[PDB]
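Moving on to subunit A:
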Amino acid sequence: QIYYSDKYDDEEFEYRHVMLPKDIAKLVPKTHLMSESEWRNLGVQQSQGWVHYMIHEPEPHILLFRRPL
Partner candidate 1 sequence: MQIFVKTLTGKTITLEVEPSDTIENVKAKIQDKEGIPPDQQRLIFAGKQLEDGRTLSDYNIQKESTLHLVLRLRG
Partner candidate 2 sequence: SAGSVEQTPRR
Partner candidate 3 sequence: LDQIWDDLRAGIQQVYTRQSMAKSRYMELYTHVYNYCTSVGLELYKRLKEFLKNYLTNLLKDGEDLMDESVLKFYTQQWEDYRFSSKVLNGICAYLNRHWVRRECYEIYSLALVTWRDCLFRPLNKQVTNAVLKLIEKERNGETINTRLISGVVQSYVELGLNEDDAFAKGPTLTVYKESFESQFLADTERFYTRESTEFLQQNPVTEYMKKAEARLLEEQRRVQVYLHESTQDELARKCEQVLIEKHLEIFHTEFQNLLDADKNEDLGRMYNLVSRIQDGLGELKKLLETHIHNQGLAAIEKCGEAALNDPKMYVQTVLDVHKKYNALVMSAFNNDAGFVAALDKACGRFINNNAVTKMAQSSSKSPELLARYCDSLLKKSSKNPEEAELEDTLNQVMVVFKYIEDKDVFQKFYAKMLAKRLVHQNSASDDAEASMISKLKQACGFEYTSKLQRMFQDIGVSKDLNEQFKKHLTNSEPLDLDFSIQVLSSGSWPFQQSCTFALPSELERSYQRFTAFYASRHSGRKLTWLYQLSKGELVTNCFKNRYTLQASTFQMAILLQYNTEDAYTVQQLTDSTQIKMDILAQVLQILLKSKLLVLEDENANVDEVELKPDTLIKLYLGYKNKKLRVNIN
Partner candidate 4 sequence: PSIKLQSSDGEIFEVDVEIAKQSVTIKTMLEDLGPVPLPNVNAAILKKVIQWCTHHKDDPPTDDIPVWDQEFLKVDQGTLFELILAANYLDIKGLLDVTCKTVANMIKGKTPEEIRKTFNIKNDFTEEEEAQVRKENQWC
């Protein structure tokens, strides 16, 4: 299902890369990035500050958010 991971983080901000199954992962566009409220509308849940900030091409349906302090 919706597999989270540890708090692997950069120097200042904090990341936690997630994994989504087929149904909720087959609508992420190759075009641009989702707003935080946009993926909230799509129904994913996590803490406050998690903006969808990049896409990695080898894993198209596997998201990597960002969060401040």
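Regarding candidate selection, all candidates are chains of the complex that A comes from, given by their letters.
Rule of thumb we're sticking to: contacts are C-beta pairs under 8 Å (C-beta built on N, C-alpha and C of every residue); 3 or more make two chains touch, one makes a residue touch a chain; residues count from 1.
Of the candidates listed (1, 2, 3 or 4), only one touches subunit A in this complex, namely 2.
For subunit A in complex with candidate 2, the residues that touch the partner chain are 4, 16, 40, 45-48, 50.
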